[PDB]
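Visitor: If you want the building blocks of each chain, they are given just below.
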Amino acid sequence: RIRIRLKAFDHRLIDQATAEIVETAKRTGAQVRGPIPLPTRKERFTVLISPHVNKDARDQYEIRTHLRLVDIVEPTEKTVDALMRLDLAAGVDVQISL
Amino acid sequence: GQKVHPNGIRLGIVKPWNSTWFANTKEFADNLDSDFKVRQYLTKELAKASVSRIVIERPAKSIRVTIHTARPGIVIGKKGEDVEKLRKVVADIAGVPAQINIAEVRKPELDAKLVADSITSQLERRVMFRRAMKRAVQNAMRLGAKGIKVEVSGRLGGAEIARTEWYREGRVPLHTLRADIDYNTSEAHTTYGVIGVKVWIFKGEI
Amino acid sequence: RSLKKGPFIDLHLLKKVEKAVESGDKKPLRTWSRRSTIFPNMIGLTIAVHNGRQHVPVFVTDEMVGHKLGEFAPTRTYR
Amino acid sequence: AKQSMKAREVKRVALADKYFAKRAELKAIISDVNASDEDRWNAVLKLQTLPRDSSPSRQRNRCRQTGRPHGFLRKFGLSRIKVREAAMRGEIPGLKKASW
RNA sequence: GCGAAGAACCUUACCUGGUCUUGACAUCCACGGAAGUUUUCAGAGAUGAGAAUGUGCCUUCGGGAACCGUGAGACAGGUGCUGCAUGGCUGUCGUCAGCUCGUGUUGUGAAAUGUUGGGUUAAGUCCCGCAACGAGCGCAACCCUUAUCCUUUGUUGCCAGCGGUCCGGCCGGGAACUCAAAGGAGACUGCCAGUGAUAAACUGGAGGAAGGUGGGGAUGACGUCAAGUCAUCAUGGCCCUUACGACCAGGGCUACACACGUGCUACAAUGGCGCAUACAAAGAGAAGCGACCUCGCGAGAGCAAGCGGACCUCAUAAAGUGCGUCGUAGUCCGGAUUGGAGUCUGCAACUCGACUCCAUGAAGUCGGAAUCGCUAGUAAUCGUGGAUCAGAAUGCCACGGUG
Numbered sequence: 005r006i007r008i009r010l011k012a013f014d015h016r017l018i019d020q021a022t023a024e025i026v027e028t029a030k031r032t033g034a035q036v037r038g039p040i041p042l043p044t045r046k047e048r049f050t051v052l053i054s055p056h057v058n059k060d061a062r063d064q065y066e067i068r069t070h071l072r073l074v075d076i077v078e079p080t081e082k083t084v085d086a087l088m089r090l091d092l093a094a095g096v097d098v099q100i101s102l
Numbered sequence: 001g002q003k004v005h006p007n008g009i010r011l012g013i014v015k016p017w018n019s020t021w022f023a024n025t026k027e028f029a030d031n032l033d034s035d036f037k038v039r040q041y042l043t044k045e046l047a048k049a050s051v052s053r054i055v056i057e058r059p060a061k062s063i064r065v066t067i068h069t070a071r072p073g074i075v076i077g078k079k080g081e082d083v084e085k086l087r088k089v090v091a092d093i094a095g096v097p098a099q100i101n102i103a104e105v106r107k108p109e110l111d112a113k114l115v116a117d118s119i120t121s122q123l124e125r126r127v128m129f130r131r132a133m134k135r136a137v138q139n140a141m142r143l144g145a146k147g148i149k150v151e152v153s154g155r156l157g158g159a160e161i162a163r164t165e166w167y168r169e170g171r172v173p174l175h176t177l178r179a180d181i182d183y184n185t186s187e188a189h190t191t192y193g194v195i196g197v198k199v200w201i202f203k204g205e206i
Numbered sequence: 002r003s004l005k006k007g008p009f010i011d012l013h014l015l016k017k018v019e020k021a022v023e024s025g026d027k028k029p030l031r032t033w034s035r036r037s038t039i040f041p042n043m044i045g046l047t048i049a050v051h052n053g054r055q056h057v058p059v060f061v062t063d064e065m066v067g068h069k070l071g072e073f074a075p076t077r078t079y080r
Numbered sequence: 002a003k004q005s006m007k008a009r010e011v012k013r014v015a016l017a018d019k020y021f022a023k024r025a026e027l028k029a030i031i032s033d034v035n036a037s038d039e040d041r042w043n044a045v046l047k048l049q050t051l052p053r054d055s056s057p058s059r060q061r062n063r064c065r066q067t068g069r070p071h072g073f074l075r076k077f078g079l080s081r082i083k084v085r086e087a088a089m090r091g092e093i094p095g096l097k098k099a100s101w
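Chains as they are written, first to last, in the deposited numbering: chain AJ, 5 to 102; chain AC, 1 to 206; chain AS, 2 to 80; chain AN, 2 to 101.
A portion of the hints provided could be inaccurate.
[To be verified] Capping the alpha-carbon separation at 20 Å, the derived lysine-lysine pairs in PhoX-like fashion look like this: (1) AC:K107 with AC:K61; (2) AN:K28 with AN:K3; (3) AN:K76 with AJ:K11; (4) AC:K61 with AC:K44; (5) AN:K76 with AC:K26; (6) AC:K15 with AC:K203; (7) AC:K26 with AN:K7; (8) AS:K17 with AN:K47; (9) AC:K149 with AC:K61; (10) AC:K15 with AN:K98; (11) AC:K15 with AN:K19; (12) AN:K98 with AJ:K46; (13) AJ:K11 with AN:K19; (14) AC:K61 with AC:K37; (15) AN:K98 with AN:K76; (16) AC:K198 with AC:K146; (17) AS:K5 with AN:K47; (18) AJ:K46 with AN:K76; (19) AJ:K46 with AN:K47.
Calculated from the structure, these hints are not laboratory results.
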């Protein structure tokens, strides 16, 4: 039995991406819990601080990834077609768990 | 040196960007070549319009243009529907529906693009360059500003050589990164010289 | 010690060492591959090895088991 | 960009499309083991000294907007400053910086 | 121990000889050929050319021109010389405290006065008084952030409260808390006491998670210096242009008959060693982190997981603690061998890689005229992880324990 996940690099694009898989089924199945937020994680990243030739110093680069399980549970063949049409969308990533 | 390129590297600092567009990196040079092409056919239907700058945004399946004008009537034409020509000159190049917004310039005698025009059109009429230069500053510094500089080049006052001379009032932070300087270079292109003016305006940080 | 437990001879060197016994019909034959390894099959012959500007002869000793051709060819003028 | 680097790119990508035969890729499968002890060869590599510089080495994708290798970030294809400048404009797919 | 954060051929500016000279990139003139792929001979190779497989595109495949050969002829090419041609890029005194506009007063004037004097500070900084005042800039403030509550989240994380209940996050569930965020709060010498000129400022006191501008960043006031860089570069001159261009390999540049500043470690027994072992932060990951079991004296290779990154996998941190044993002994001190075996990646592990097993045991009995660093989560000490990439650094980047 399938489960599906959604990832995004912005706290707001993820909600208008949920609109293509959860609110496309608002009339086409049972109710779905308001999205559980999950941790955004630390996963610290770093870059060389000056545009050229400085190498003694390195800066922090603050970025986080959002992860949602969307509470939608097992999909119909129509919700799979709606999910595979979101796999064709740029700037986000969808994943399937078996 | 230490004059740099104000319309280049400095223009992305404390200012809104004049272009925003995404493309596949395998066609980035062709979509950069069209970022100029959508301006090339447009700045000819603004030739009288006293426009300080234009902004061209290319979201997915869309293109949205803002024009910052000192004269909002001359861009909308008879019955105010002739503004659609500014869409039709770029939509015929991009092949997608185009949007137009006309924005008003606050104090058009304090905007660098337009102050350099108001000096060039006086140098074309052979006025004494210091009179036009000092009147441009005494006007702008009374409309606002924290300081202003003007530099005039070419045939100064009837001179037998090209030359360069300047005038400055107040503070003009050219070595400060957050200064929000407003800049333009203009040229008169005559039978007897190129006759140029450069202006730097400072009104407040960030 | 070898490489991967076996002796090996590539075509560029095989075409030189199967022409020599003992003494050939002409001078010792020329090679530049100083990164090549010499094995007990090459025993008893003379070959001419490059130094970077000229070539010098070397003879394969009866006590040969595994050496690089660049190690025993007289190359470095020292003092 | 220098023709000397472009000519080595045009060699490096062409040595990755020189051979297609199952003997020219024998070093992907012949060092494979299931059991130890004793030698297997001594010289089975009969058509594998003929290749030159065809093995995967020194492969690059660089800063995809400028062609420069300097200071580019693998996760974006952009320079370590262009990753802010393009996100301040909203151009990077799914990523934004300031005022959102 | 620094030029431009990994060096075998690579990169590379050197030397010897190759393989080329409208060059690879480009505009273009003629003529015979489509172009690629496959393979044999010759060379180690850059290549010299056949033979097979083939005749695409536009067109009427009459013809045309990419493209290939061959010739002609303007040329193409260069991290070559030069910041002593420039621009850009930044570097420095320096977070230093000082620089201007409208002005007053004084002198013939350079210029002064003010900005001097009394108190004081991080500071021409804040005050007191005074022949000086307003207005600006830098400083501070502003902007970024951390030490801790409050509200919002509530999952496969956490589990206190609550009904079950070997009483276990386990079930029902909960939001109490660590966790991962976004906001709202908190710090201002501000409140209190002293000194002082009940000024400013400074030392104490309380409060709190904590100040004594809370600490560290961001800077580019007026200016200094013809600093570095043609090396991402762009580009005016110079130089080389069948070459100083380039492209294949060999010698190498990790060299050695000279001279040294500056590195880094052992020379135990308030302990070591063997055995049993406690408590982390910051990290890496489905083209990855790499397990179990098998084999090898081991590197590693087999068979091939687990996990979606809390839990799996890297990886039971060490110093320390306890017991037994040891006893200034060249020790259980200390550390290079010469021989032999391997394990792995690759045009190549000779000189000169990584990684591993067996033995040799040299030096060292604590270091010369002399000399070095930090005033508290600090010195020292004991440990930990990672990127780059075919393979390859206790260098380079970072953190916790004891303190």
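Visitor: For the pair supplied as a hint, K46 (chain AJ) and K47 (chain AN), is the alpha-carbon distance within the 20 Å limit?
Guide: violated, 54 Å
Visitor: Please work out if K61 (chain AC) and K37 (chain AC) have their alpha carbons no farther apart than 20 Å.
Guide: Distance ~18 Å between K61 (chain AC) and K37 (chain AC) Cα, so the pair holds.
Visitor: For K107 (chain AC) and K61 (chain AC), compute the direct alpha-carbon distance and say whether it is at most 20 Å.
Guide: violated, 35 Å
Visitor: Would you check the hint for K149 (chain AC) and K61 (chain AC), treating anything up to 20 Å between C-alpha atoms as holding?
Guide: This hinted pair is violated, its Cα atoms lying about 43 Å apart.
Visitor: Within a Cα-Cα threshold of 20 Å, do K46 (chain AJ) and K76 (chain AN) meet the stated pairing?
Guide: This hinted pair holds, its Cα atoms lying about 17 Å apart.
Visitor: Starting from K11 (chain AJ), check that the Cα of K19 (chain AN) is at most 20 Å away, please.
Guide: Status violated; Cα separation ~40 Å.
Visitor: Just to be careful, I want the Cα atoms of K98 (chain AN) and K76 (chain AN) compared with a cutoff of 20 Å; is the pair within it?
Guide: holds, 17 Å
Visitor: Quickly compare the C-alpha distance for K76 (chain AN) and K26 (chain AC) to 20 Å and report which way the hint goes.
Guide: Answer holds: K76 (chain AN) to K26 (chain AC) is near 17 Å, not above 20 Å.
Visitor: Does the structure keep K15 (chain AC) and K19 (chain AN) at a Cα separation of 20 Å or less?
Guide: Distance ~52 Å between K15 (chain AC) and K19 (chain AN) Cα, so the pair is violated.
Visitor: Regarding the pair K15 (chain AC) and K98 (chain AN), is the alpha-carbon distance no greater than 20 Å?
Guide: holds, 15 Å
Visitor: For the pair supplied as a hint, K17 (chain AS) and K47 (chain AN), is the alpha-carbon distance within the 20 Å limit?
Guide: Distance ~17 Å between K17 (chain AS) and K47 (chain AN) Cα, so the pair holds.
Visitor: Given the hint that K15 (chain AC) pairs with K203 (chain AC), does the C-alpha gap stay at or below 20 Å?
Guide: holds, 13 Å
Of the numbered hints listed earlier, those contradicted by the structure are 1, 2, 4, 9, 11, 13, 19.
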